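Read through the structure below, which is laid out as structure tokens, and then see the notes.
Left out: one protein chain. Kept in place: all the others.
Letters A and B mark the chains in the order given here, with residues in each chain numbered from 1 onward.
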Amino acid sequence: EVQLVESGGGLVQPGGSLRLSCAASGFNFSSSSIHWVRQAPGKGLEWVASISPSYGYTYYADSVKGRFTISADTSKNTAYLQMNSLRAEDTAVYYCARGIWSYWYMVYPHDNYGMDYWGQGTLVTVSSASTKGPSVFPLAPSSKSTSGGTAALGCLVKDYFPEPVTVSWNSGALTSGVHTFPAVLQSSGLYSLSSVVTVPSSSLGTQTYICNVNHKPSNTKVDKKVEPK
Amino acid sequence: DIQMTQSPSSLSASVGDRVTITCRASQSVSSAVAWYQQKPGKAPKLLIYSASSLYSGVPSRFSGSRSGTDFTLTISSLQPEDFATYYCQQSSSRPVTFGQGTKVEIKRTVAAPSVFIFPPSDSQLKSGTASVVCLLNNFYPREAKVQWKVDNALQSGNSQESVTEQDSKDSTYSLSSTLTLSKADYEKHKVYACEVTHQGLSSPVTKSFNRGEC
Partner (left out) sequence: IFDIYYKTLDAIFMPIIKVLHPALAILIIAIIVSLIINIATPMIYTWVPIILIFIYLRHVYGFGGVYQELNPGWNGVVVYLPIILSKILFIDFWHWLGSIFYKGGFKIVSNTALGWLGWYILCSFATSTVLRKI
């Protein structure tokens, strides 16, 4: 019955500022230490800052030192992370983590020992690129496809910014066979991804297949039905 | 500043095997070190803390050990749900530092890819741009090469491919290469073909279509 909810992520221009909040519940916020750990896209884990409410200790990394200020409001049961002079390299998912506590803490403060619980994090993208809605184009199944085999449908989500976009088939009623490839950054600066299924050839003509694309940053929502040419 | 060098970078094991990951500290540290498991697109979870202390709920199948400055994670009998990237953290000194990461993957039998060619949609043609898609589906290992042919001419720089993470069931991969060119160049040619070279294929497979046909 424990959890941490990060919030306040989104696209921001370089040199701006963003403020993230970590709402904790299920444990004692006044005791356990709170930690912020960011993971750059495709990279590993990085430590930003850590704080101990009540005692009020602050620990910063040399990377975010001076531009980042961590704080916690004991009365609100929340931990705040203020980001100034944001740069392009700071773009990444930001995990809020609770330190794990052993009685040796009582004799010695300042000892991490590890992170017990990690929130699913919130995405933060720093770039001057403007928001763009994605174009949804179908990938039609070939008539040459094998009779007695499986055809291949698809939806081409092209030219959208920024990430991420969620793709579902038949509104989640179609699960098996779906392959949503990782989005790739085009030279133009717009992401593009594809989504293909494997459907029985006999089902092509009679049964309907619709992909449901959603791009929250641009609010664009599209339901594209895919049928033979 | 303390640095933690974790090895290897990636490895391919099989169900029931015994995997060993090593995390070497740059200088003298306490016995306080953590090992983290992270599923794709998920938050990291705690497996071992204090180098040897197993965290609650984590099965006894996991375990840590400390040999000098070399901490090591050991999965006795690998399981299907244990496949993910594993990190090692040193919490005995600031600033806190993690490892480069270890990516563990299943090993299966060689599987030939199923190639599909997708002509650009008329809805997209009228927008002034054409994208043709080549699709490799359910193959292993990841290593595969797609060759784009337009009227028997090699294409370069206009090919972008992305490969999915290994599948949770059959443990296969899927790669997709999208050929993006202007609508003016697309209407100049008839033959559009991609050529898939793979280990599961005795001969390179070329799936192709002809522009303006059915």
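Quick note on the criterion: contacts are C-beta pairs under 8 Å (C-beta built on N, C-alpha and C of every residue); 3 or more make two chains touch, one makes a residue touch a chain.
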For the chain that does not appear here, which of the shown chains does it touch in the whole complex?
-> A
Would you mind spotting which of A:16, A:41 or A:109 touches the chain that isn't drawn?
-> A:109
Residue of A:54, A:166 or A:207 in touch with the missing chain, whole complex considered | A:54
On chain A, what residues meet the omitted chain?
-> 30, 51, 54-58, 106-110
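Just so it is clear, only the chains that are shown with their structure count from here on.
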For chain A paired with chain B, centre-to-centre distance based on mean C-alpha positions, whole Å = 18
Tell me, which parts of chain B touch chain A in their complex?
-> 1, 32, 34, 36, 38, 42-46, 49-50, 55, 85, 87, 89, 91-92, 94-101, 116-121, 123-124, 127, 131, 133, 135, 137, 160-164, 174-176, 178, 180, 209, 214
Touching residues on chain A, where the partner in the complex is chain B = 44-47, 50, 59, 61-62, 95, 100, 102, 111-116, 118-121, 135, 137-140, 142-143, 152, 154, 156, 158, 179-184, 186, 192-194, 196, 198, 229
